[PDB]
Amino acid sequence: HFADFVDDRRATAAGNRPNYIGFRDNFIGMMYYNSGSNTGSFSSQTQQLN
Amino acid sequence: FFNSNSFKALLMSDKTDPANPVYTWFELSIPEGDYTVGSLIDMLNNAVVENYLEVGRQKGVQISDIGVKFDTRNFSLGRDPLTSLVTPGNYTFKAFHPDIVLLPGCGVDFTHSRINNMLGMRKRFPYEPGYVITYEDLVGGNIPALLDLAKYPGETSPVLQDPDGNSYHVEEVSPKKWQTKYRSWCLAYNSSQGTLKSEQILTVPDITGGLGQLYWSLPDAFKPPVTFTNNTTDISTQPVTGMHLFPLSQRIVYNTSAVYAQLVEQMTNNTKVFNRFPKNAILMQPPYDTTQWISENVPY
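Chains B and M, in that order, give the protein sequences. First residue of the first sequence? That's 254 in PDB author numbering, and the numbers climb one at a time after it. First residue of the second sequence? That's 102 in PDB author numbering, and the numbers climb one at a time after it.
Take the hints with a grain of salt, since some may be wrong.
Unchecked claim - Below, in silico cross-link-like pairs of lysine to any residue (SDA-like), each with a Cα-Cα straight-line distance of 25 Å or less:
1) M:324 x B:270
2) M:324 x B:291
3) M:224 x M:294
4) M:278 x M:299
5) M:324 x B:296
6) M:324 x B:297
7) M:282 x M:206
8) M:324 x B:289
9) M:252 x M:240
10) M:324 x B:299
11) M:277 x M:175
12) M:324 x B:293
13) M:324 x B:268
14) M:324 x B:300
15) M:324 x B:292
16) M:324 x B:271
17) M:324 x B:295
18) M:324 x B:278
19) M:324 x B:288
20) M:324 x B:301
21) M:224 x M:296
22) M:324 x B:294
23) M:324 x B:302
Honestly, the hints are just simulated from the structure, not real lab data.
Go ahead and model the full structure; you've got the sequences and the hints to work with.
Spelled out as structure tokens, the structure:
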């Protein structure tokens, strides 16, 4: 990007800030834990109770 | 949300020195609101001629070629069966039931919409998927021609030159017996032939439209019913703890202060829209039915 700009000729440049984007540690936030809104279930069949 | 605004009408939109224009199926729309069958059929004709103004007249088609019109009054009320015209020279300015008048190669679709229930037409088989009220499906029951005031001692005059150059497209099936090209849904219902009685039905105009039932579903406290399942966890399918009819009822009003009151309104609030054909005698301002069903919302 530009770090100082006056004219199209005279201007200094500096590289953009390093922005590492990846997943979380232990893949936190992939899955809805602690929710009544989005509650996953491990329910048995025939006795359907969660 | 309830799919009661948008539909298809198959309007003619080309001029190729006539012989064969392409008909070009398209979809219509209307803005949402709280409407009544008197005020809606004023603006549902506006939804037809809205696509006349940017595809039709920007192509070159004649002014009196509006394909689908939603009419309210009965034709052939002054028509005696001996003289094939209508006797007073004007079709009777009184609405009975909302119907559809059409042109060749010009249907109307009611597949994904629910305006047919709130116009007053259904099938006799509610379980077949979709239906299009095409031309040559309401066969039999053409709108007749008319007689003018002048030269009636001496001639019968089915002439069409009076409405500022709008052609009626009158037809001659039998010698000296005259029909037109338009076909109404009312005259094709009580026709001497039939074939529309076997698959259509007359009903109340039904401003609600027959809404679906409103299901109660609550998983966290109630045990499920007999055949339902706990584990789906979807907004669509849940264990239903009860159904009832959707709380949207109809309030009636009726008066001898009918359609003449519509003439008083259009003298006020100075307005040329809804009335782009004041003197066509087919595409005129349609009469209100004598009773209007107002839809309220009672707490259930």
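Hint check results:
no., hint, verdict
1, M:324 x B:270, "violated, 57 Å"
2, M:324 x B:291, "holds, 20 Å"
3, M:224 x M:294, "holds, 19 Å"
4, M:278 x M:299, "violated, 28 Å"
5, M:324 x B:296, "holds, 15 Å"
6, M:324 x B:297, "holds, 15 Å"
7, M:282 x M:206, "holds, 12 Å"
8, M:324 x B:289, "holds, 18 Å"
9, M:252 x M:240, "violated, 33 Å"
10, M:324 x B:299, "holds, 14 Å"
11, M:277 x M:175, "holds, 23 Å"
12, M:324 x B:293, "holds, 19 Å"
13, M:324 x B:268, "violated, 62 Å"
14, M:324 x B:300, "holds, 11 Å"
15, M:324 x B:292, "holds, 18 Å"
16, M:324 x B:271, "violated, 55 Å"
17, M:324 x B:295, "holds, 18 Å"
18, M:324 x B:278, "violated, 40 Å"
19, M:324 x B:288, "holds, 21 Å"
20, M:324 x B:301, "holds, 10 Å"
21, M:224 x M:296, "holds, 13 Å"
22, M:324 x B:294, "holds, 17 Å"
23, M:324 x B:302, "holds, 10 Å"
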